[PDB]
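Next up is one chain by itself, shown in structure tokens, the form deposited without the partner chain.
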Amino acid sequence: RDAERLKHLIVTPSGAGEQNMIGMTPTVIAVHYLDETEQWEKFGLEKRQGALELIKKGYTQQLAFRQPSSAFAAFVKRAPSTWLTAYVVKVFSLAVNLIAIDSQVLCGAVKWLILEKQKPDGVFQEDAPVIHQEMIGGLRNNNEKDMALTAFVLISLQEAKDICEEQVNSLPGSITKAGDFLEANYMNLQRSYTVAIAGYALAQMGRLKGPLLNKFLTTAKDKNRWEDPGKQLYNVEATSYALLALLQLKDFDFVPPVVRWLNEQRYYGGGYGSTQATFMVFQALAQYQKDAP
């Protein structure tokens, strides 16, 4: 996917605690992807400096919406969102090798999630939904919500693990308990989106196996995509999570048609309600590039 088709993802973030992350998202992942696929020399190595500055600005502006709890919401006076806080953790984690991320911000957010928003059976719960529902991709109006949100938060926790494990020793047990919940209910899932996202979450822990692994694989259409009737952006997102799961499994046999389908979408990110699609497709393709022979 060619840098010139993605140049529009480099943008100045603005707005409050949610919209700022909507803006930070495409820039972060564009840089991540261009780094991995080494496209900077052709596209213009001068431009990377400006992108990193835009990412630092996003980070810095987001800190105005960090509450004393270490959680985030659109506004300092709005109750904190479980989803938004976990999204910040996912984004800041992937950016730790682009700019300086204060580990107390990141690991504080992680610890809040664990201590306040995890239920005894491992489920993560939202008590203050984001205002801009379009930013949450295929989680929106999903009826399998406990599994979908539990997977989402769990992925974030896993992506923060290396950085926060030592400072937050409740992290591994929290991660395990969420996994329990996902493992216990995975077989009953109906929606491909949920199957994909929870699948990646379990694969990161090496707990996608046996029948669950088979359900994961067999849920694909034509061995190349995970899809449900509805917004196509949800399927791109879903399939991106699936690809990441496959990379975790190192099932490099299954991968190439999936990458092909994602590539054939010619999805270049950035539009309305595109925050999750944009982050996930480029995360997944970047990882594919990094791991492929």
The other form holds:
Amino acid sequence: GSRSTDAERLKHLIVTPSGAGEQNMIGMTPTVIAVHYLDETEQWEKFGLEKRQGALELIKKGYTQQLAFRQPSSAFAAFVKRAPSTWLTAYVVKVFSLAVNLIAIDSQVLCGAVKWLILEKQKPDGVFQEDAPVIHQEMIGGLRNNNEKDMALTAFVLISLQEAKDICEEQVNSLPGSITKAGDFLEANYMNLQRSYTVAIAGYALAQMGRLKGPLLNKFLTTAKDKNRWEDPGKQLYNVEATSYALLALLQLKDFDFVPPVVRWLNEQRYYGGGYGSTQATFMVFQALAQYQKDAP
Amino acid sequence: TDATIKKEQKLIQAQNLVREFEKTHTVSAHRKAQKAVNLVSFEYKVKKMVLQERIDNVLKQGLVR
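Could you please show the structure of the form deposited with the partner chain bound, as a counterpart to the form deposited without the partner chain just displayed?
In what comes next, the whole complex appears, and the chain from above leads the way.
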């Protein structure tokens, strides 16, 4: 273990959700993840047990407001008559899955979205496609890049499906095979990957299904710069996001020998989330570190 | 129909953990009970609400560590 990131650095993450379909999720992200992170690292007594209830109310409030954007199909978009976003619907899946520990979450809402992605947006080769990009391109983190898009997006959607699996097992029959077809696409193409970001994200996707091994694992691990980070020329934020996915992959692998320099690089970023364009870095860095604090010896 | 047993078990798990939240009022227990509840089938739509309502109530009371 390493020291937990100090609660005080996280106070600004307790945020009102507002706006429409997209921006309501931008608001919901930080409070969701800050409560997740603080619950895991047990900082509530020495910080404000009662501020937790307030955050729980805000989360309840984002969830509730988000249902006003649920389309008949079970998909999501900024507005109810907007064509539904594959990325957004998968992202609502990602956040609500993590919030099952925190508030009432309706399975049918969550699994409905899962089912729609599989049924509507997955290709026969297992790729997921976005037919209606979100307005808020700053909220999709390193996916905003144009290269390696089918692999980055497919890994992103696959990750949501894997995080919804326990909750949706009994009601989405198609789910296990959808997971495998997506894995198949990622595995077949993983070795050709050029981008550190795509390597880290597809690596976490693959690892969760025990498919990151052999030459693919070696690819994953040797893409790290100095054994501590996954980075590309671009915004630093994508690199904190990619390194956080890579840490989740390491944790899945139980590669605790590789872990500590990666945790030290992240901690030394002093990246406390929040702000325009921070949705993916904020969610992912705190998901990763909470997982790290939960798992690591 | 192992699928009946699963659903039946989710229910007991949720009943058990909600009863236990009610006993300790911890964040830890809250988290267990809330997930458990959200895991119960719409098949038991009724007892699911009652357990959820039970959770919200322990939350009104207030948590302690």
